[PDB]
Amino acid sequence: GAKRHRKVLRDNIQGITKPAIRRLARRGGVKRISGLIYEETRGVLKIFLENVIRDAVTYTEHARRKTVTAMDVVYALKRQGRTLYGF
Amino acid sequence: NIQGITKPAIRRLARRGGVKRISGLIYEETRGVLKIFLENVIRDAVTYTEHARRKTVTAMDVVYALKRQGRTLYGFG
Amino acid sequence: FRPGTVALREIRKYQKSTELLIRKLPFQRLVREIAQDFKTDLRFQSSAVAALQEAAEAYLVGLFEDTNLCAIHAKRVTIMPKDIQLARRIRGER
Amino acid sequence: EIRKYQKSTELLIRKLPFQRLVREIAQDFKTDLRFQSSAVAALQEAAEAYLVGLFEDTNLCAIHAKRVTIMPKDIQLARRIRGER
Amino acid sequence: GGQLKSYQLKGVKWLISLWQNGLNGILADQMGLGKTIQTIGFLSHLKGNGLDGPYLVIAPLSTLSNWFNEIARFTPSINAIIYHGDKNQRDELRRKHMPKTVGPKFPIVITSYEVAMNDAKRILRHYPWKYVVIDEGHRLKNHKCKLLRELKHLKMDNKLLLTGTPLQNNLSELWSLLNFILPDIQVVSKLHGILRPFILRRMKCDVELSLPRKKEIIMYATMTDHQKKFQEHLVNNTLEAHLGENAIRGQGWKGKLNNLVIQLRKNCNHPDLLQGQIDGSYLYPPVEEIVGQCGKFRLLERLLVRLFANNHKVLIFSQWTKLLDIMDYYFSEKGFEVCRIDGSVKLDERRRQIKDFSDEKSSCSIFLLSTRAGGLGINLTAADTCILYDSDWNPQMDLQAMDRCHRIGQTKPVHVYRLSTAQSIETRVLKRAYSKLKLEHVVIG
Amino acid sequence: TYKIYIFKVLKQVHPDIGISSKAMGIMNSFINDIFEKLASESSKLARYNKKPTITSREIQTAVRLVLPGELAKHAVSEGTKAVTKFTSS
Amino acid sequence: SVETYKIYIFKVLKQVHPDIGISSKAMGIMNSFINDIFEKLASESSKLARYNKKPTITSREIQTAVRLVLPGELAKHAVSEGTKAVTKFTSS
Amino acid sequence: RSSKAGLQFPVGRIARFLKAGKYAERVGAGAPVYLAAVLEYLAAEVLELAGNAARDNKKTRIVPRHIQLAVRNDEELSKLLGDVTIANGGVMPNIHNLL
Amino acid sequence: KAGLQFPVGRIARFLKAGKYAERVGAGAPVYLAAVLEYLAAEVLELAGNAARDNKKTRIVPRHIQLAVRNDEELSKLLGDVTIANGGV
DNA sequence: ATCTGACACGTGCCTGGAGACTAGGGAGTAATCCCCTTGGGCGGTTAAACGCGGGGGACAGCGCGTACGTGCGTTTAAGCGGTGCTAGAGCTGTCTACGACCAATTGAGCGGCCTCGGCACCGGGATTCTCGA
DNA sequence: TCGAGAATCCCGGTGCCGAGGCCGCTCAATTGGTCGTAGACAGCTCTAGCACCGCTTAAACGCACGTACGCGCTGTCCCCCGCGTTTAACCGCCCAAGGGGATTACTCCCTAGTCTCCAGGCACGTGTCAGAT
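Residue numbers (the authors' numbering), protein chains in the order written: chain F, 14 to 100; chain B, 25 to 101; chain A, 41 to 134; chain E, 50 to 134; chain K, 199 to 383, 415 to 674; chain D, 61 to 149; chain H, 58 to 149; chain G, 18 to 116; chain C, 21 to 108.
Think of the hints as simulated: they come from the structure by calculation, not from any bench. Hints should not be assumed to be uniformly reliable.
Calculated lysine-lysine pairs in the BS3-like style (CA-CA distance at most 27 Å, straight line) [said to hold, decoys possible]:
hint	chain 1	residue 1	chain 2	residue 2
1	H	63	G	36
2	G	21	H	145
3	K	575	K	443
4	D	110	D	97
5	K	353	K	298
6	G	76	H	97
7	C	96	D	133
8	C	75	E	53
9	C	39	D	97
10	K	551	K	590
11	B	79	E	64
12	F	91	D	68
13	E	64	B	31
14	D	110	H	97
15	F	20	F	79
16	K	483	K	542
17	D	68	D	97
18	D	110	G	39
19	G	76	A	53
20	H	111	C	36
21	E	64	B	44
Using the sequences and the hints given, assemble the complete structure.
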């Protein structure tokens, strides 16, 4: 119940919660983590994802389709050096 | 013949990279990392050569190997 | 307990498990948002988002191990942003 | 001396030493082999380039630890992140 | 005689006759004086002759509380337990009763659809259940619902289904149920041969007096020129550009697929829904007169000014919650005091709001109220007029709403104003909901 | 090989400059390498996807999947213009 | 409808470790590992054909492709397993 | 043909794939045999290492966690899958002396 | 042939040879020519401009290297090139 | 000012271009049907947010000593030039012995259908690992 | 030190569900003549790679000497961690009428490869004229 204020929504990126970055770090062997780390991990996730999704959306359109299948993602990764077994 | 990569040369290369003050144990390490690189490229080259029934490492053999390892080399052929 | 002993507890359990972190719904929102830019009007199968998530987690774990190495090199135990900036510069990533 | 070699495009190792090493390390894979005088040149160019990059990343790795004197730990931290033997 | 009273007893007699034939039936008395009282009757009729045996009764939660309370009737002999919650149930799992022995001790098992579904394992072990009784049959109207799959794992030697609205959507819900009640199971008469033996729908003929007769009237509105422009741009795929000229906070959330029936309904509700979602415009339409660009909004306003001429309290319903929000914004700017209970609001919070709305003293006439809201027992008989600002594909839902104010305690005669717009999908939907009421009206025959 | 054309492209962009002999070599090598990358990519995109032909569409996807960044966004425009002129004429 | 080496990957397992199961979702990796190694070798050997300007992918080529993909001592023991087999196939 | 040689993998199926994969115009006769004999060797190695892994965890069946571990452990098979990310395979334990 | 400087015919022939696929369309030779031409033009421009800084009237291997190194796009396509007789 | 690269006109030879078939993959269409659409309901329950100490930790300053850079006079040995010698790269011509292809033949392995043992789960009991004083 | 207590670690017993099992059937892998063509290989020419000599001089080497940097040690104070409590966080299951899907199998057409002739570009040959070593 507001005036100009409508109904706001957070950034889909803020969805990656600080607790989840910490859990990914501890599996990497880290011990004490800083506070300026979280706003840094988010950017590097975003860049990776942007290069992969771009290739998948390309591989799709060429098939005249409009759905990104698993096989489109597996090829993008292989073009980038990372190979995923199991789909 | 690896002691012919003498102390002054390593130093010159290091000033191309940006280094300022070299230590005293850096030389042996350099001499090892050169050897590994040279040993990989040459193996691939000799393979390519033999595959062509020759006895002369030659044009486009080295280039092809260096490409194989992520190092395209324009020119030299 | 004394700070640091429950932390070494966590670096053991998670390295032994193979169960995925990151809630499934938030990642799927993020990918879609990132996608409305390259091509407007596009749908995603489920398996695709699954694969994408698996890959991302691996990437981040690797980055996190090399950023720990870099920190130790400077005689610390806290990993700071400069270590993320040094590691990526040596690996070539944009 | 930093400035001088940053403007030049000349070779920094001598010629024949590089030839001998490359002939020997081949010997282990194949005995009695020949080498066009252009091959040994390509091999030198490439090697010299490689070493300059390694050194440029080792310098970065030292500035990290607040030194200015490169040390063997640095070369190693560089050749590990970059994924090498 | 010698037991209970009228509008019942024969219902227990039907149940006992079913017991004799052992066939399983679907009592469907009009939603009036019966249900809980009649449900226990038959089992209570087991009394001495049969208080021993597995007895199960699945129902929502409010319904669970109610059944339990009612079981405190004449002859409090047989025991009962509300197997509710999780882990706390674990402690009562064995404490409440023995795994197999059922003397007079066995307390009636009263569970919910979640509990029943999530941990059927626990109850799977129990003996062939004498009578499993499912309060709201509509829950099983889909033949692929996971509850149905988990409900077959139970070893049931008898079944029973309580409902008041057997069919709502189409005939396939009758088909899925009939597999449940009877696995074995011009043309209108032929159907009535199969269904006469089991179905027992006693009308509100037995319990008359439904308060002053209600009036349901449809008052159309004329789609304005700003909505027509939006609709054509949406007839094809052009709405985005005509609105993408500013592209603030993304050019129309860079993307628009949707289904024509609901993107054009959203328009016919209020064009702001599209505009807000397309351009960032963090500020609501402040002209407070651009809210008046919607024809249906303007017909609501005038209706309401004429209904304040008398002040009798109104009721407003909608399908979504963005639209109720726009309405609230609009009225709050003028200054009206509003109360609102959608699904987003909490339970105890919404119960006090009613207790205040229902305050004989309080006079916040405008009460916003979603349609699918679970607040049936809201009972705000203080209000006298219901305005269905939208339609509903399943007509029964609307009917429930009608009940929410047309219930006991409404002395003042009630009107209903189903607003709509001509030359659009709103008129299409009205025809659909009308043919669904007709599908159930010939069945009432 | 491509000497004449690379000599021609230079005369058009920088009307008054020349080019040494070692430079021409580098340039020809570059052109040949781009060609090979582009063509290999196009072929692979055809073995899979089950097709015996390498049409224009595959030359475009290949250009998008290998030319990095805006550099591609232009090359695509440049190629579309030239195939349009050729087809219409 | 979907060709796979599952049948043969379970025969080799039995031969190597007699009493150990493999489980599904685990041969979904072993099949992929084989298909990928096939692809790499064949592609290398084609490039090695188109390069040497011959229209035939023969044994010599497959061997020089093995020597360049499979890394290290694997090569040696693969090369042997393979050559052994070609001589054997020859005297049939 | 698989029989004439001691191979267990299918020679014919590999030959067909090579001929139908547009890998070249004319495949020879020995190329299908050699390829089969190398593929078999590689698989045997990986499987043999993975099997040694399971018994340790006290299980008699292999799971992706085992193959990952085996690959990571051995040097050559690692230089080979230098970037591969096996699904649901976890990581190899590693806590430094900084403790 | 009709529109560009590069040899649409020869490019086509090279596609027929090398057996990249069974059939080659008609537009396929035309498009590639244009892309290669654009790419060469960009590089030749920056190098000459590089030479316009050094004021050298003749483009030499060093200039090409310098140009490739500076521009943010070419540095990415040309990731690790080591131009013969050049330097950092 | 000059020696080193340019830069320019010609022979011809080798390409492209043009004109046509029979072929034959691709653009067009219809179909079925099944995962995929925007907006809401209610009930779970486990993860995430917040606040508060307090113990770490990171950081800055200072001092000693040792290992690095610079300088100068020997001493290597690389570079150049010239001479001699032959291995082997490169190319040509013959003729066969590995290949493709077609057709007749049919058993190996493949989609869907069985079953039961090892593996996930533990609760109960039992054992070692912090920590604090 | 030594315990006090908390995380860690077994035994069974549980189901109980996926890892092995079997089985006709289809199509795909064999086996036999052709059917040429692609392969080896024998032989010749002449380029360029290797070996070796003598001389000049530039780069490498060794040793002395000074001082800047690296490393240990200390003290202050910021900010990260662990715990308990209160909110969100997700995840499940349901509406209902729509489409979006994408896959398969339907059908002919215009353009690929194919010839075939015939043009005139380009690779290579040659004379000029400068510009940066």
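Evaluated hints:
1. Proposed proximity of residue 63 of chain H and residue 36 of chain G is supported: the alpha carbons are some 22 Å apart, at most 27 Å.
2. Distance restraint check for residue 21 of chain G and residue 145 of chain H: the Cα-Cα separation of roughly 8 Å lies within the 27 Å cut-off, and the hinted pair is therefore satisfied.
3. With a CA separation close to 31 Å, the supplied pair residue 575 of chain K and residue 443 of chain K exceeds the 27 Å bound.
4. Taken as a hint, the residue 110 of chain D and residue 97 of chain D pair is honoured in the structure, with Cα atoms around 21 Å apart against an allowance of 27 Å.
5. At most 27 Å may separate the alpha-carbon atoms for a hinted pair to count; residue 353 of chain K and residue 298 of chain K meet this at roughly 14 Å.
6. With a CA separation close to 34 Å, the supplied pair residue 76 of chain G and residue 97 of chain H exceeds the 27 Å bound.
7. Between the alpha carbons of residue 96 of chain C and residue 133 of chain D the distance comes to roughly 15 Å, so the proposed pair stays at or under 27 Å and holds.
8. Distance hint between residue 75 of chain C and residue 53 of chain E is fulfilled; the C-alpha atoms sit about 20 Å from each other, no more than 27 Å.
9. For the suggested pair residue 39 of chain C and residue 97 of chain D, the alpha carbons sit about 15 Å apart, so the restraint of at most 27 Å is met.
10. Taken as a hint, the residue 551 of chain K and residue 590 of chain K pair is broken in the structure, with Cα atoms around 30 Å apart against an allowance of 27 Å.
11. The suggested pairing of residue 79 of chain B with residue 64 of chain E holds, with an alpha-carbon distance near 22 Å, which does not exceed 27 Å.
12. Straight-line distance between C-alpha atoms of residue 91 of chain F and residue 68 of chain D comes to about 39 Å, which puts the hinted pair past the 27 Å bound.
13. Proximity of residue 64 of chain E to residue 31 of chain B is assessed by CA-CA distance (about 15 Å); at most 27 Å being required, the pair is judged to hold.
14. Taken as a hint, the residue 110 of chain D and residue 97 of chain H pair is honoured in the structure, with Cα atoms around 19 Å apart against an allowance of 27 Å.
15. Using a Cα cut-off of 27 Å, the hinted pair residue 20 of chain F and residue 79 of chain F is violated, with the two alpha carbons roughly 31 Å apart.
16. As the CA atoms of residue 483 of chain K and residue 542 of chain K are separated by approximately 43 Å, the hinted pair breaks the 27 Å bound.
17. For the given pair, residue 68 of chain D sits about 24 Å from residue 97 of chain D by alpha-carbon distance, which is consistent with the 27 Å threshold.
18. Distance hint between residue 110 of chain D and residue 39 of chain G is fulfilled; the C-alpha atoms sit about 11 Å from each other, no more than 27 Å.
19. Restraint check for residue 76 of chain G and residue 53 of chain A: the C-alpha separation of about 20 Å stays at or below 27 Å, so the hint holds.
20. Taking the CA atoms of residue 111 of chain H and residue 36 of chain C, the gap is near 16 Å; set against the 27 Å cutoff, the hint holds.
21. A hinted pair counts as satisfied when its Cα atoms are at most 27 Å apart, and residue 64 of chain E with residue 44 of chain B qualifies at roughly 26 Å.
Violation of the numbered hints given earlier is confined to hints 3, 6, 10, 12, 15, 16; the remaining hints are satisfied by the structure.
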